[PDB]
Amino acid sequence: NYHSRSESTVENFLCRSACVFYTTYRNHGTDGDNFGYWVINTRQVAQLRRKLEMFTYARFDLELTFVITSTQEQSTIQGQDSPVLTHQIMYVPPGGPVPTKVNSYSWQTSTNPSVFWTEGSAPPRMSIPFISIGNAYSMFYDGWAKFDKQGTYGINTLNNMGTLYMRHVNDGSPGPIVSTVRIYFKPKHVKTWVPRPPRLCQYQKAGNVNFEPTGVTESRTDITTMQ
Amino acid sequence: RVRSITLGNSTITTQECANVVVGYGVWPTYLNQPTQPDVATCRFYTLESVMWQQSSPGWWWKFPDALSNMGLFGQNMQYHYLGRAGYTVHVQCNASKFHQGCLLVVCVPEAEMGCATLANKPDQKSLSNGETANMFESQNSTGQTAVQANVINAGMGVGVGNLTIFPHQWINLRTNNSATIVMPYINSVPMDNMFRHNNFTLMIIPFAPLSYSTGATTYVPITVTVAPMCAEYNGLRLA
Amino acid sequence: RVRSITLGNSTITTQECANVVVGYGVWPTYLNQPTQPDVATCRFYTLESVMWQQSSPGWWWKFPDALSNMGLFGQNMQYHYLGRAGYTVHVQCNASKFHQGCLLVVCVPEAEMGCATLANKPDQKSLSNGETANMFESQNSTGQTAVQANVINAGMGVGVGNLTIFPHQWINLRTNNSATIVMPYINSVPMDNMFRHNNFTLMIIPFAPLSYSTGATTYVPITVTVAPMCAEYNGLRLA
Amino acid sequence: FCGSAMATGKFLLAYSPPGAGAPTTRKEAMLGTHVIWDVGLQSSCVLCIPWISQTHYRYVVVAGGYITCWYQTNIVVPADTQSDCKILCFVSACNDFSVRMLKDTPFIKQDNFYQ
Numbered sequence: 065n066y067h068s069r070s071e072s073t074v075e076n077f078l079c080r081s082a083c084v085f086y087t088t089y090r091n092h093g094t095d096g097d098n099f100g101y102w103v104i105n106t107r108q109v110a111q112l113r114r115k116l117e118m119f120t121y122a123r124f125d126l127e128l129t130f131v132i133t134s135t136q137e138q139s140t141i142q143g144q145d146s147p148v149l150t151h152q153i154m155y156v157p158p159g160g161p162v163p164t165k166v167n168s169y170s171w172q173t174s175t176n177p178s179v180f181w182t183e184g185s186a187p188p189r190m191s192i193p194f195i196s197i198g199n200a201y202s203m204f205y206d207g208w209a210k211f212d213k214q215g216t217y218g219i220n221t222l223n224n225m226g227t228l229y230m231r232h233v234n235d236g237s238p239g240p241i242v243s244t245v246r247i248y249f250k251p252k253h254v255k256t257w258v259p260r261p262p263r264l265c266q267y268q269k270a271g272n273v274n275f276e277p278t279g280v281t282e283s284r285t286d287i288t289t290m291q
Numbered sequence: 008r009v010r011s012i013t014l015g016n017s018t019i020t021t022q023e024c025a026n027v028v029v030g031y032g033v034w035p036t037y038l039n040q041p042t043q044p045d046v047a048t049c050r051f052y053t054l055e056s057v058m059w060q061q062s063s064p065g066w067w068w069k070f071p072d073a074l075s076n077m078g079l080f081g082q083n084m085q086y087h088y089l090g091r092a093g094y095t096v097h098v099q100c101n102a103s104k105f106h107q108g109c110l111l112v113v114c115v116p117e118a119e120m121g122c123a124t125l126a127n128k129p130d131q132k133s134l135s136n137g138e139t140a141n142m143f144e145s146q147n148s149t150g151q152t153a154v155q156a157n158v159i160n161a162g163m164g165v166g167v168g169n170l171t172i173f174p175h176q177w178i179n180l181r182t183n184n185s186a187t188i189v190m191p192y193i194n195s196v197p198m199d200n201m202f203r204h205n206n207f208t209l210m211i212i213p214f215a216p217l218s219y220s221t222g223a224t225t226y227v228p229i230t231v232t233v234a235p236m237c238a239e240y241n242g243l244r245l246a
Numbered sequence: 008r009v010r011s012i013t014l015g016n017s018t019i020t021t022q023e024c025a026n027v028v029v030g031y032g033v034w035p036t037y038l039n040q041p042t043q044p045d046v047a048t049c050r051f052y053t054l055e056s057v058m059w060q061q062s063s064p065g066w067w068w069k070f071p072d073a074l075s076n077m078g079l080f081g082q083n084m085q086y087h088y089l090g091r092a093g094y095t096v097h098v099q100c101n102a103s104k105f106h107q108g109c110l111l112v113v114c115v116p117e118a119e120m121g122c123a124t125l126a127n128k129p130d131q132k133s134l135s136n137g138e139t140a141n142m143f144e145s146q147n148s149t150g151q152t153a154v155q156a157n158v159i160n161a162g163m164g165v166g167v168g169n170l171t172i173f174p175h176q177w178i179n180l181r182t183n184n185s186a187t188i189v190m191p192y193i194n195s196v197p198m199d200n201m202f203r204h205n206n207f208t209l210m211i212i213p214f215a216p217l218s219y220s221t222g223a224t225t226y227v228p229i230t231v232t233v234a235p236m237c238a239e240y241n242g243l244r245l246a
Numbered sequence: 006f007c008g009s010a011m012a013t014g015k016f017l018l019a020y021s022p023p024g025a026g027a028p029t030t031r032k033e034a035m036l037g038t039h040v041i042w043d044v045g046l047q048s049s050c051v052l053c054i055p056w057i058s059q060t061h062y063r064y065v066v067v068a069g070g071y072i073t074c075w076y077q078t079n080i081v082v083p084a085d086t087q088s089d090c091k092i093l094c095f096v097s098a099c100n101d102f103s104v105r106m107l108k109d110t111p112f113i114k115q116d117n118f119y120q
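Protein chains in written order, with this note's numbering: chain D, 65 to 291; chain Z, 8 to 246; chain Y, 8 to 246; chain A, 6 to 120.
You may find that some hints are simply not true.
[Stated by the list, open to error] Below, simulated DSSO-like cross-link-like pairs (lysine-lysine); rule was C-alpha separation at most 27 Å, straight line:
no.: 1; chain 1: D; residue 1: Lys213; chain 2: Z; residue 2: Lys104
no.: 2; chain 1: D; residue 1: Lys115; chain 2: D; residue 2: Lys255
no.: 3; chain 1: D; residue 1: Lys269; chain 2: Z; residue 2: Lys104
no.: 4; chain 1: D; residue 1: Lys210; chain 2: Z; residue 2: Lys132
no.: 5; chain 1: A; residue 1: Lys91; chain 2: Z; residue 2: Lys104
no.: 6; chain 1: A; residue 1: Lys32; chain 2: Z; residue 2: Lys132
no.: 7; chain 1: D; residue 1: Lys269; chain 2: D; residue 2: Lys213
no.: 8; chain 1: D; residue 1: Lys269; chain 2: D; residue 2: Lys210
[Unchecked claim] Partner residues are not named here, just some residues of chain Z that face chain A (Cβ under 7 Å, in silico):
no.: 9; residue: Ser17
no.: 10; residue: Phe105
no.: 11; residue: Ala246
[As the list claims (entries may be wrong)] Sample of chain D residues lacking proximity to chain Z, with all beta carbon distances greater than 10 Å (derived):
no.: 12; residue: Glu71
no.: 13; residue: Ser174
no.: 14; residue: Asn234
Derived by calculation from the structure, the hints in this document are not laboratory data.
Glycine included, C-beta positions come from ideal geometry on N, C-alpha and C.
Next up, chain D with everything else stripped away, as it sits in the complex:
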């Protein structure tokens, strides 16, 4: 017989849709900083980072779902009557042009994937393939990007998965509107190699493995005690 190990599998263990980032962007602003952005990383949410770092090399597709909700703000503008709000979620592949302004040329997205979503419909969804000149993402890198520089330890350009950019296509009304994107992340077709011990010490930095040393477990009163 034997009990089923179906949901213990790496696919079921890791292919779980979780929120990894949320940002708010305005509809009007002083500068062009009316856009949200997120460099796609797996080392910013502790639960997902621990689950992925239980293995050494992984290879998966990124399924991203965006939950965009808009809120009208304060007051002092009357007769708002805003039409429906359209959002653009532009994905910038590795090595692609990166916007610095809400109306940058990169938003014209000649080759950057972009999804335009009107509010009230189902949340937008896009899937990023395995994008790496290497053969697998490496959660751990015991080496230097440049051996000359000490600060390049553990950094390799093979784990860069691109950047997501979010903005308002139309303002709708002359009054303030702030939208939250709430990106939901879900690996698909996951293959993992070289399993590793779970991270014991709490994480400190996203780009580091540094740790304050911690006890192996919780203490008890006596070696023969039971409670």
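Put chains Z, Y and A on the given structure of chain D with help from the hints.
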């Protein structure tokens, strides 16, 4: 009985009843510019022995850096741009029947180690001294660019007791005295710059402290002998 | 037509109608401690060209000393105690149809050269400068430890016109421009210390002086390219 | 090895080919031809020195090579002993050994007849 093994102009001695741990069940092979092999590098490089004492924490070696100055294969790391090799690590331990202690001999692929200072990166010297072993400490390490080499976290922010997930061997002096681990080439790319990437490190952590009867030798020599296997490199052809 | 020859990572250009003089009718082979071969040394080592002028006497190279600093095979001369190799010497000559001159390209086995001072021995520098050619003189040489490098006696106390007894080639610019000589290993012992014994020397002696039309290039480059063949060495095994 | 049965330890029996020069450190010995002679595993080590010369025969009189032994590990014993261990060396010829030109040995000498 006694098994004699000869690679190149090097000969070592091994017991017939010696258990060999083969990596992840994978025997090193070639990737079958055309890659160029070097069988002359397939030698036994016996590192300087480390003295195991009653109060000795573990050691580690990072082997691309460890064999970086070991004659051949060191000249090849310096010479070729791309390189690939599997390794046979054989850890011996010379002790009498009046000596105690247990050792965890584990080879850790991609042992990215943290720093004593959180907002800092360990420097090249702290991570790997080359053929000289780097020692753990029983307490927290202090240093601007030093590795956090506390034994309990194995320098990696994990539990040292959980290190058995990696290809390991237990050296119980009352049972064993040697550890043979055959590590294949493990990487996310077919071949990598060897001078700037330690593919795995060897950790020899005494889980049970060394002990001995009165009059017996205080220290126990631990000898690490490494034999590169199926080493192949970039290749320089066409112009 | 044009024949392209590639050994290792070196490629040279040769005419299809190029005559090859094979030593004494013997093609280099191995001697079929076990001798160790090195096929990586089988490369084209192109020496620096020598400018052939209207008033230029000959040159010579002693090839164990000539290739002593040519990367590989030079490291092998420095490394191995005993060594053996045959050589393919290819002497090119770049000239137009308005240039004149004839060259004797001869490889002389055991060219023990005399000294300018009778009660003296030539020093190492005078006998062979390595990859740099040593030049003959049209008159007697003066020096306490200098080679008697007068052209007529070829440095050996013989007639320079009789040098054709050795494996030679004639480069008549109106007929030829290249000389290929395949010299086997010639010695009285199966294998010898290469760092202290020049098995043969290459002499390039212009028997007819270079001449050229007005406006033509005054000098004619002479290029020597050497390919060691069937090189094998001592071997380090057993202990 | 003429030490105790409970004694354990390792040695580097390194051989240097002629012209190389004797090694000065443990690392140089290990990087050449060597064996790890483990005392605990075996109390004897037979090392066959090869024939490396440019001629078929060489002169008996005055290169040849070097044998050097190195402390890979210290000798480990039940920690109660006082005196030190010893190593005995043996030399022999192999089946391919030959001698050519008979002469007078340089060892025995007489001024005249003994009687």
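Consistency of the hints with the structure:
1. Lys213(D) <-> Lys104(Z): 49 Å, violated
2. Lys115(D) <-> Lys255(D): Roughly 13 Å separates the two Cα atoms, so the pair holds.
3. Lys269(D) <-> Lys104(Z): 48 Å, violated
4. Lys210(D) <-> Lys132(Z): The given pair, whose Cα atoms are some 15 Å apart, holds under the 27 Å limit.
5. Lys91(A) <-> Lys104(Z): 21 Å, holds
6. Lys32(A) <-> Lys132(Z): Satisfied, since the Cα-Cα distance of roughly 20 Å is no more than 27 Å.
7. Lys269(D) <-> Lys213(D): 19 Å, holds
8. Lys269(D) <-> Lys210(D): 21 Å, holds
9. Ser17: It holds, given that the least Cβ distance between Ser17(Z) and chain A is near 6 Å, below 7 Å.
10. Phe105: 4 Å, holds
11. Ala246: This hint is violated: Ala246(Z) lies away from chain A, its Cβ roughly 34 Å from the closest one there, beyond 7 Å.
12. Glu71: 21 Å, holds
13. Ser174: 30 Å, holds
14. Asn234: 43 Å, holds
Hints 1, 3, 11 from the earlier list are contradicted by this structure; the remaining hints agree with it.
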